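As a starting point, one isolated chain is supplied in structure tokens, in the form solved without this ligand.
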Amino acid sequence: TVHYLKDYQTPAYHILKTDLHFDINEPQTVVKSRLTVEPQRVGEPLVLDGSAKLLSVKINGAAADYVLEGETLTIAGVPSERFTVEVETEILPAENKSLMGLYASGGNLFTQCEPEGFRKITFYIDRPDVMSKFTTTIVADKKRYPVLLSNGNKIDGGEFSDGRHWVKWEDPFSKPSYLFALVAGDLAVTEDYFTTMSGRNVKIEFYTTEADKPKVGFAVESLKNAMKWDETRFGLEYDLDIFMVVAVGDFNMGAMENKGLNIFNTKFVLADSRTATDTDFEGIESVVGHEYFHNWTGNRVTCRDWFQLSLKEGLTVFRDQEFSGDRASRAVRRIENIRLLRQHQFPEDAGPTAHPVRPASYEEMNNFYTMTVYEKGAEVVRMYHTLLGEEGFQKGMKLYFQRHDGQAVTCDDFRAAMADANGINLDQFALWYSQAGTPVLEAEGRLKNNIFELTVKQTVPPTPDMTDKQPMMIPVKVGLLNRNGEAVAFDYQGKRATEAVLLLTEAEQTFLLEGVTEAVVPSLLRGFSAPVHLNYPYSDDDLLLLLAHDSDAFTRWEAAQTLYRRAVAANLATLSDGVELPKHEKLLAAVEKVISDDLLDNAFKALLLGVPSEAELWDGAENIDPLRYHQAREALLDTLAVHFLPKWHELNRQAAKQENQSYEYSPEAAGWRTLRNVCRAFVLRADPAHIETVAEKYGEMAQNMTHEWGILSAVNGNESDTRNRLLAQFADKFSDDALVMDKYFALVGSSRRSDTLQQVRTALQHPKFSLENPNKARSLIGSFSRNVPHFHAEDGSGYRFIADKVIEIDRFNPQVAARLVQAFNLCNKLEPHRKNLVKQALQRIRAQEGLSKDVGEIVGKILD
């Protein structure tokens, strides 16, 4: 079974009111629904999705005539006018290892419903264009489950004489079933509040374990920031007087925006400086913001169908990005998002699972919570902002809400709202949603006369879903530098400025930048104005100039990225020839300039000193030997490490001074620590023996987790026994903190040491490891699958190990398994020896009886 966007049809039935009663016992939970159903197409059979154990079904208080086959319950004889359906289901939440539906975690109960987990609770029209008003009653043992939560306002509750108690929750906003949530547990609460701009207090409650409560303060501060920001930046106010956040350690996603009752992975909720890195704090601030931003972009306006996922995800990611950039370090953060997209989304678009931002089909919708839908989705939203500017973007947002508040709509609708509010034609912009693959821009420039003439071609490769790719609407932001690197003004079109957005809409166009009175090197795709590959013929000196003198963060960073890539290309050549490594004189000059430049933002400096990953390096290659790319990248890194050894120590010391013993999170102190950790990595590459000095002063240096993490990352590939000793000590020190234990397993899995496979196999049996925990599985096994020299070992050991775990995990958590199996996505592009072994691994996975639809869809994309 495949679902096709072209087959969309409005539902035959609407659900007006959904009344739910939960009776929680050991081990069984019994769910009783009362659905108020309104016929849209009278006389059609009523079709309900559901997979929980079915105990009874009634239409109007009388047992229904029905058939249940697979996960579809059908009632043929339904009234022609409003009627009720009552379903009784029974759940065993402690047996739910999929972490979808109602499930146990740490002795408490939690739900995850998006996209299709609610049908695992009760039989329902489980699709997002069906919106209903939910009221939830919950009965449970008071001592075991003192905390009983669902969406909305708590309107009643009481006690029973037998030790049980109940609550009743009313969510007055119509919602799709994927936004339902329930929590039952023995949990601690942290209370705070926000007062909206119209003067309404909103009580804030974060629920955690009793032990995790001291780590929740930063998330609370982040939420309040997010709430104020949505008001100041978007004019958006919260709509209830209560907002709850519940942390859970067993969770497949990062977090979930269920109305007024968000449920979060602990990793995006808990921090203190002793146990969490600066990046962890940054993540909490983004995701806390993200989920709150969904209250409007996803909840108040939702998705007509799951093909439209990016309507809420692309828009909400853009929102969280803008929130984080407005907080601090806009340019550095933009670069980080760009780097992420290029390192993870670009390979997706170049591979067998590539898809449009709005897919035309899917077998399993869990497989589409993807870098493309989220991050490329955000780049697509950002292009509206680039084309329209802030005021125009905000006009679009206002009309979007005016038109669609209370509706389940499509990407077309958001486009139309942006188009209409600004009096502009964005018909061609629709191809950003329907065409997969990364566009390639072929660029050439000429200064003839006083005119700089930039010619630009575009194509987009076929992808497995679609061969035909038409020209797209691509904004190219540009500037021009003279031979001393300063800004050169130009005319276009009628305006005299130092920067312009060139709107490419045709297969090929020439842009005339007129009135140019000096020799120029152009700066192109400024701010990463469109998510594309751009090829302009730059010389090494052109790149050095851009890197030294350009006013744009992205274009400066891109020039360094290009220099590193050419260096690695030059290493690949000499290593293939069996000759000495290249000298890299110009690159080393450029890097010296960066190390020694004190006008550079610390965190921006750190990015400029980062070398593109192996996947970036083999982008566009065939017959890839991943170990040859690894060796070449490693060589470059070691050359940089050794060449500038005493200068890495010096930068390290300069950063230490400037951090000034300010160990708590702040974006300012974080910038210096980021730089410090880059220097640490280089130092330990050049002088592995420095590990014993580090070990001797470890306590002294371990002033927060950013430092411990940065030290341990720096020494992680070191073949000294001291590296194993430091890891063991870390595990012992933080044995009681599950989120720090995640870091430990990530270090185990990610190590470039020769013995990583056997240490990973030992780690499977560590008392703190749990295969059934998504954070643990990803930390250990996920990191191994990404560990280039080990995953792609020539003997196939890495492929067999990962396939073994995809098989084993898929027996309880298809979502974790389907993500993990994508480590094999490079298959077709590998050299023949490895390719053969990968295809064997995937065939073996395919041969498993009972293989999930999730993993089967991916394997089929890679294999067939």
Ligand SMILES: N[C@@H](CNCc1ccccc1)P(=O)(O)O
Second form
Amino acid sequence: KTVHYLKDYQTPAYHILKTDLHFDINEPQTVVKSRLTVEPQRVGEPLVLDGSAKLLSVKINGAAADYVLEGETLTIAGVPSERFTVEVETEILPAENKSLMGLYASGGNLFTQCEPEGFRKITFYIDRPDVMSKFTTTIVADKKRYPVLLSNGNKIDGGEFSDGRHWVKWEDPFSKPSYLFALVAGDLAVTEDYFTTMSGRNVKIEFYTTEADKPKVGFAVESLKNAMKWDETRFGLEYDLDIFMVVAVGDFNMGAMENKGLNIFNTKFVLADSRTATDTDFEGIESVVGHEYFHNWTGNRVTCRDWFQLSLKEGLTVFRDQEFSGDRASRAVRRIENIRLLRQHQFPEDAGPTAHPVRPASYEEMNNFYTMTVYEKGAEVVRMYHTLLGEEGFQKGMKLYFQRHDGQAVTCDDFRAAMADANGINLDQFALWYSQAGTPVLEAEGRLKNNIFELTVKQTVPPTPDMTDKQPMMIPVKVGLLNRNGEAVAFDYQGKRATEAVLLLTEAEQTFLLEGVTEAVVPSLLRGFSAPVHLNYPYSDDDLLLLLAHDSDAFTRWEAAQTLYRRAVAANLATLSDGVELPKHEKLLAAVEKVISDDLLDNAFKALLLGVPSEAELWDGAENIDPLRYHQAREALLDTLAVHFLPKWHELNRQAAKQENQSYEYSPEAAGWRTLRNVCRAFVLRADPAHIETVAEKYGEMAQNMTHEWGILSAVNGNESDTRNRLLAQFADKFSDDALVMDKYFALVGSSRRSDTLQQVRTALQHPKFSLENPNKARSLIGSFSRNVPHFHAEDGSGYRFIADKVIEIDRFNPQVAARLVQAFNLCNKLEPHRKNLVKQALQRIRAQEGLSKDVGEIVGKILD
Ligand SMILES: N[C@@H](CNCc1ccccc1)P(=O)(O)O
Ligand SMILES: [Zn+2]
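Next up, the form solved in complex with this ligand, please; the one we just looked at was the form solved without this ligand.
Up next: the whole complex, starting with the chain shown before.
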């Protein structure tokens, strides 16, 4: 079994200076001809090309080449000692391509996805990102079937053939790696706009969609123009072509793709209107449209030496899209949302069998490493440069990064060096954030003796499957102090008297002296989540209530609430296990009452403060887990909050409706009220499920946009009333022709806490709008079920068997979707013995499949072995 190792990296024996491509699109086959201008780097070595398409011919300098084709590699031993050409002819059947990698068909149209290694599915090539070439692409096709023919760069020629065909020629003047190649051919509607760069150059913007979906593309276009302006004002970065194209496609594996000048998007990150998209969907479009554009510099102009360096572009580009969204609106709230998502999804990864460093040392299948760790923890690592250096210093690093490496394929070490060198500071220890996996754990103690607050902090990083030795890391801990009345207390640290400081922990144990403290204090720690770590400090319940009510930092307030909730659930686990009455939670209920009644609070922030940690967060660190016990305990807490404050949930709902003020379009302000409203709806229907029939009677009046319909359907989704089923069926009927809304329907089917979810899911598999071969649908229904705790972790094992069945089935045509799905089983070793046994049986059965993909095999091996 082939494993790739970072320590084995070697520069390529050959460079490709020019890549000329010719696509002849017919029915059913597409014939691809290439002309590569190849430049020897290590003269005399064999030319090795990667490829898996059907090979028709290979030429060196016009003559039939002496070559051998073995597996997915073509080798030519006799190659010239100086510049030469290679010509390859391949044949593709795009309509048979259900992997959605390479050239494939969707909705009668043709699209490409080449990152990471899909280009070799199109032609034989040196398909690695440190090989950068200048591409020119000619496309020929039937004009009526394929009137729109697109590739990277500038369209420099085109014309008609008298047999109903036409052609175009695209020239991309920027050298690029193959993973950034894109082609689109089809009958697509176009929406046109433009942006003028700060140097005075118009950029034509073109969004391509189906004719029916064109009316839904407006918000994405506006978001792009906002992102372009923002990269100019915040980073000083300008676009470098006079054309920027975005193409939406409904069959797509990930979210979107940053192909130079020709971005290709999952429809879910381009299309919205208030009737069919939620406020959260809009925010997602804004984020991802920004993300892909920001890749133009962080990814395209400077790219990755090798795929181990993926976080070099993804961590940084995620950081950029986070800052973009934050500058647009609601910075504090949106920051909390990112932290929440990291701890809910990335922390369990770092604690599990597939844990890896932000920059992995090895991989079998690279598609398995487009992970929360590489992306979200990657972004947290980039943000720590910002925390250490400040915005000004961070931009100095960026400026030097581009000065040095524009046009190059580089490494995480080069980004760090740019930050270090531009600011004259030593960041050698910072490298460990790239090479050491696992969530660091801080233990802190505070004492006020004399007029100095003495904060002692230890750090440790647990062994991960790849590495036992973990050395102390560079961890910035932002701190402040509160007095008995919860106001900011000033202190002296490193010369400056301020109310806030960044304590830089670099050793296994350090003591920090905050001096000039003239009051009794409790510290506020890890403000703004200043490093991606666990922090344990001895807080009393009243310390937490004080932080929640009076602290100035959004994260620390939110973290205080999260802690009170965590403790309450732990109390529930204890009583439920002992077989006694539930706890009173008197302190918690008092704290929540204050939050509900506090009108100074941003409504979106209030909503977050009223959110309870997920089961996964709750059993983090536990062994021999019974997931249903954690579910029962969490549900009990939610039911107590629902019934206890039922009157106030109604009142808050009423206030939210009044303040929304019939403003049903997306805006950050309106969205905040609706978010709070939807929290209230969930609680109301927990306490009084019979309220569903009142809801049903007035459904039309309440369904003023999708945020409301989703909010309501989400709230009733676990209701055992027949009305729940009727409302869902009416939803499916209303939006039957909207694929993105049908995704929501299937998500509700799969995620329901009702007792009959497994059989409803199996019925949904046969719904005429469901397609297993469509990633959005597969993820919505099956993905949602796999995350449905009481059902996936059903004691009889029905959930495990069902998901293993679907991993096996899906892997036969789309290993990427299957390899993400199988990670539902990651908790295996931490489960109580009965469920553990059943999960291992499921994984063994997956492993026993003939022809199991490398993708799924890698994951299963990490869990099982
Ligand atoms: N670089 C992009 C990765 N998404 C595309 C992709 C990658 C692998 C397989 C299929 C699709 P993003 O981070 O979304 O900008
Ligand atoms: Zn990206």
